[PDB]
Every structure is written in C-alpha cells, then in structure tokens.
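In the form deposited in one PDB entry, a lone chain appears below as structure tokens.
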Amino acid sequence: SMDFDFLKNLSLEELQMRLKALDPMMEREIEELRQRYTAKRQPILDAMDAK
C-alpha cells in the first residue's frame, strides 16, 4: 500500500515511536467523540423541554 511505501522510508526508531503513539491518539479521538455526542444529545433534550 501507499502507507507502507511511505513508512518503509522512515527509520526503525521513528516507526517504533509512531507505533507507540497510536493508542494514545485513539484514546484522544474517543474523548473527542464523546464531546461530539453531547451536542447530539442536547437538541433532543431541548425538544423534550419544548413539548
């Protein structure tokens, strides 16, 4: 793949660092997702309150 073609040009140490960064990056994305879902919830709550 293109990603492999790019990554093969990096040092081993850089590749090790990139591998280790994935889990914390994913965890931050999950936190972002939770914040986006508060904004999905709110209009529904607002509509309930307007009935």
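Rigid core (definition): largest C-alpha set, two forms, superposition within 1.5 Å. Numbering follows the first chain given and starts at 1. Only residues modelled in both forms are compared. What changes on going to the form deposited in another entry:
The Cα position of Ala21 differs by less than 2 Å between these two forms after fitting on the rigid core.
Once the rigid core is used as the reference frame, the Cα position of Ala39 differs between these two forms by 2 Å or more. In sequence order, 31-51 is the sole run of at least 3 residues present in both forms whose Cα atoms shift by 2 Å or more between these two forms once the core is superposed.
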Second form
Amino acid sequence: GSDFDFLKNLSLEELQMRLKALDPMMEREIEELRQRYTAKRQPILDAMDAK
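Compare with the form deposited in one PDB entry: the form deposited in another entry:
There are no partners or other molecules in what follows, just the one chain.
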C-alpha cells in the first residue's frame, strides 16, 4: 500500500482498483487467522477426548 500523498496522484480508476483489492486480501488474511486458531485448538480438543 501507499500513502495519501502518492495515492492522490493516481487516476480515479487506479484508485478504485486499489480500493477493491483490499477486500479479498482482507478475507484471505482473516481466513488464515481462523485456520491458525483451528489448528491450535485441535490437539487440545483431541486431548480432552482422549482422557
């Protein structure tokens, strides 16, 4: 990403492209985070069921 000072000099169509790209990037990041925690929970969950 860039700062406002650089962004303001981009075309409106380039800006809309940049704005739109944030959404799947964000969705990818949160998905990875959720999977990261699922993976953390799994061995604890199994350990509880193994008793």
